[PDB]
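Letter by letter, the chains look like this.
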Amino acid sequence: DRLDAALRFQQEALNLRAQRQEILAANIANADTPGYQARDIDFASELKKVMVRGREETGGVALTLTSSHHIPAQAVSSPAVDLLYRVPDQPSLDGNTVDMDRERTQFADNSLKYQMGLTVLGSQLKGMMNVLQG
Amino acid sequence: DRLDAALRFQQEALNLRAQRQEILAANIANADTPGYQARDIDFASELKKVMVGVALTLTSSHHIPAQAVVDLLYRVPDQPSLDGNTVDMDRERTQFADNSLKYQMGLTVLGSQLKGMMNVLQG
Amino acid sequence: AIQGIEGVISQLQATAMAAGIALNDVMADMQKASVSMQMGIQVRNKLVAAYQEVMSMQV
Amino acid sequence: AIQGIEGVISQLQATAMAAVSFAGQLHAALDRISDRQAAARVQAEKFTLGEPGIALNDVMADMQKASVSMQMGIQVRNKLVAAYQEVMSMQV
Amino acid sequence: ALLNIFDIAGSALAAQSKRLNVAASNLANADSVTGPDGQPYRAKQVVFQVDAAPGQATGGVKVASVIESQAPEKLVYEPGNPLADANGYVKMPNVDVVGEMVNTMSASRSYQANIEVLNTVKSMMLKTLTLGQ
Amino acid sequence: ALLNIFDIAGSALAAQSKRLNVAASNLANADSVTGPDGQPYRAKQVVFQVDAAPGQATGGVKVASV
Amino acid sequence: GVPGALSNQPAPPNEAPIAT
Amino acid sequence: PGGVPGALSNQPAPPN
Amino acid sequence: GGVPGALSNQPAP
Amino acid sequence: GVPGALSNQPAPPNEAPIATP
Numbered sequence: 003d004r005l006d007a008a009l010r011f012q013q014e015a016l017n018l019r020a021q022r023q024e025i026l027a028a029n030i031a032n033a034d035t036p037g038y039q040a041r042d043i044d045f046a047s048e049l050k051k052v053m054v055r056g057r058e059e060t061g062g063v064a065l066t067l068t069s070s071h072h073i074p075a076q077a078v079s080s081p082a083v084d085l086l087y088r089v090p091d092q093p094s095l096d097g098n099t100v101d102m103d104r105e106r107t108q109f110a111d112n113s114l115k116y117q118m119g120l121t122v123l124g125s126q127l128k129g130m131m132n133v134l135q136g
Numbered sequence: 003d004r005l006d007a008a009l010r011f012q013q014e015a016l017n018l019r020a021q022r023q024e025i026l027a028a029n030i031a032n033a034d035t036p037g038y039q040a041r042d043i044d045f046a047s048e049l050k051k052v053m054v062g063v064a065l066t067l068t069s070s071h072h073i074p075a076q077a078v083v084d085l086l087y088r089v090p091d092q093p094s095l096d097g098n099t100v101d102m103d104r105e106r107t108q109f110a111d112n113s114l115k116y117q118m119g120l121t122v123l124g125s126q127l128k129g130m131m132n133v134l135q136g
Numbered sequence: 003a004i005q006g007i008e009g010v011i012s013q014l015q016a017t018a019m020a021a065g066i067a068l069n070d071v072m073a074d075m076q077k078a079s080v081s082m083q084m085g086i087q088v089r090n091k092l093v094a095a096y097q098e099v100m101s102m103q104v
Numbered sequence: 003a004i005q006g007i008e009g010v011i012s013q014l015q016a017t018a019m020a021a032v033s034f035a036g037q038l039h040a041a042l043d044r045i046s047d048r049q050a051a052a053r054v055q056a057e058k059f060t061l062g063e064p065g066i067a068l069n070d071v072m073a074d075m076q077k078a079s080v081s082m083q084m085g086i087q088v089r090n091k092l093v094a095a096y097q098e099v100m101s102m103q104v
Numbered sequence: 002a003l004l005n006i007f008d009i010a011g012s013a014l015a016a017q018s019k020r021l022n023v024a025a026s027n028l029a030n031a032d033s034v035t036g037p038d039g040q041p042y043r044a045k046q047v048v049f050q051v052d053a054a055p056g057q058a059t060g061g062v063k064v065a066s067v068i069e070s071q072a073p074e075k076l077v078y079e080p081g082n083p084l085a086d087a088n089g090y091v092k093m094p095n096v097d098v099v100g101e102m103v104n105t106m107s108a109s110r111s112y113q114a115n116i117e118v119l120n121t122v123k124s125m126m127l128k129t130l131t132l133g134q
Numbered sequence: 002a003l004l005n006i007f008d009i010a011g012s013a014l015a016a017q018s019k020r021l022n023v024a025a026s027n028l029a030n031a032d033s034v035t036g037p038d039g040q041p042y043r044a045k046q047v048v049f050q051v052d053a054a055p056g057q058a059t060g061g062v063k064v065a066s067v
Numbered sequence: 311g312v313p314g315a316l317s318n319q320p321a322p323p324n325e326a327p328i329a330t
Numbered sequence: 309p310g311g312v313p314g315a316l317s318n319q320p321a322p323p324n
Numbered sequence: 310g311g312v313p314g315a316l317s318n319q320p321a322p
Numbered sequence: 311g312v313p314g315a316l317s318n319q320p321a322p323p324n325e326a327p328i329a330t331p
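Protein chains in written order, with PDB author numbering: chain Q, 3 to 136; chain U, 3 to 54, 62 to 78, 83 to 136; chain K, 3 to 21, 65 to 104; chain P, 3 to 21, 32 to 104; chain V, 2 to 134; chain a, 2 to 67; chain d, 311 to 330; chain c, 309 to 324; chain b, 310 to 322; chain l, 311 to 331.
Chain Q on its own, in the form it takes in the complex:
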């Protein structure tokens, strides 16, 4: 409980970093698709929201497998994050708002912040094994 609570903030921030990078990679993949508004999330507000109320999913339901021969299958699943629209910079005839400079800057920034989260969490876990080890 205590150890779970102490390591919960950085763990949740790192998970939200992963989901934000998935969203940014989806934006980069759809960069040439006509009629695709770029999506992004407000990291701080969603992080506090996940902090106060635990993580949740839109659906994520799945077929139950009582026997050992039942065929496993799961329907679509996604986080409970609010996918907001990014304000376009300049217009385009095809009708997508994926501006590549913004996408690649957010991608690199999210990359470094995820590495920072990994460093902090690893430092804390060593900072604990140091105490326990004897």
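Mixed in with the good hints there might be a few duds.
Said to hold, decoys possible - DSS-like, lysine-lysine: derived pairs with alpha carbons at most 27 Å apart: (1) 19/a x 45/V; (2) 115/Q x 128/Q; (3) 91/K x 128/Q.
What the hints assert, rightly or not - Label pairs and their computed distance ranges (CB to CB): (4) 120/V x 12/P: 55 to 61 Å; (5) 9/P x 55/a: 43 to 49 Å; (6) 95/Q x 48/P: 39 to 45 Å; (7) 99/V x 134/U: 54 to 60 Å.
What the hints contain is simulated information worked out from the structure, not anything from laboratory work. Think of the CB as a built atom: it goes at the ideal place given N, C-alpha and C, for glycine as much as any other residue.
Mind docking chains U, K, P, V, a, d, c, b and l on chain Q? Use the hints.
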């Protein structure tokens, strides 16, 4: 050895790519020889043949161990030249570039397999 | 459970008186379990050492 | 065995009257990782063979995924061995 | 959930490869006059859609179908060629060469961007696997 | 054998080379009175077909005959 | 809205007509 | 609803 | 599916 | 058959006479 069996396919593919690369470059070099036929190998069949021997027996120390010691298919000509040369620049240039790419891909795959076998052991 | 609802009403009386999985999650829980197991091992070792020191006495 | 089939029918009678594990999970994980690696290797060999329909993109991505899965298995083995060594070091 | 980036970027790479292949096929047949059925070659183009099943927020990209490009067939007056019309109007493909070259360049650039995404994602997965160690 | 893009573009190169060869041979024989047998030279034409290996999807260019 | 900021409402479909 | 990427959807389309 | 990728082995086998 | 295929037979010599023999 089991290690050979895992890396046999990629090593044979890499060697066959190198041999076919040499053959294609020989075709390029001899483009101006009158009467030269453009030769090539069928990569898949030769790869089957190589993938699909008896070291002589050494009774003592002085006994000497056994000493060790592909089929070329003609290319179908496209344009009839007057000097009998059937080497076409465009076809073999594309084949040369493709063989270079596939040699690089084979190097990448073999290196990845060796690196995985290594990180399994490192510790 | 029926006994579970009994426990809920008991806690209400107490209040009255008083007034798929990703690497990110896999690795974090794996580390947490390693840490908890090490803590348990160390605490038990301390307890066993204290008990053996007590029993190695001379009365 | 004849006596083995006798034992099977005996266990069936036991089920009539009456009316997965950590090692199993580790075996399942090893089988899954090996199956993924073998699938990637087979697709790579098929591409090297020249058979139509196999794209270099899929080959390279599947090799990437297989490498990541192998590294995950290696890390799990490392920790598991470390935990076993820690437990065996306990003084009783 | 960094593993889903593998699927997203792989789908994007496959779709961009298909688009580049279709553009190159159109470009290489700009001068064609006949098809296997005798019909004139019709310039073709892929259709890009979000690879999201119903209920999925954001996915990669997928090629729905290949469609004939909407443009008038280029009429050429050659009533001596064995293939012709009633008035000798040979029909040639409607390929716009500049458009195909720009499409090839764009497909190559998007492909390379997706490769970079995959590379950095794999590096991060390895670093995550080196979390506490 | 070849990658699909390699095959398509190489077929395009070969087809353009054949068309250029036909044009050059015609330009050389513009003033020829007789052939080797006693018949006039006839201008050659090259016909481009799409080598649609799959069903109607894509394909390079092939030359059936001159 | 400031470009590069985040808004909960999508941008309207843009069009470039030739004749008004 | 996606559409054709690149040249076709970035050239001024006919009115109707 | 109907269209093979650019980086695929010649559809013609 | 197709120009650029593989065959086990060398192509016949490329003769171009000036007059009919």
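Now the hints, each set against the structure:
Pair hint residue 19/a plus residue 45/V holds up; C-alpha atoms about 25 Å apart against a cutoff of 27 Å. Under the criterion of a C-alpha separation no larger than 27 Å, the hint pairing residue 115/Q with residue 128/Q is consistent with the structure, at around 20 Å. Between residue 91/K and residue 128/Q the alpha-carbon distance is near 22 Å, which keeps this suggested pair within the 27 Å criterion. Between residue 120/V and residue 12/P, the C-beta spacing of about 60 Å keeps the proposed range 55 to 61 Å intact.
At roughly 58 Å, the beta-carbon separation of residue 9/P and residue 55/a lies outside the given 43 to 49 Å, and the hint is violated. Between residue 95/Q and residue 48/P the beta carbons are some 43 Å apart, a value that agrees with the proposed interval 39 to 45 Å. A hinted range of 54 to 60 Å holds for the C-beta pair residue 99/V and residue 134/U, which are about 55 Å apart.
The structure is inconsistent with hint 5 alone, although it conforms to all the rest.
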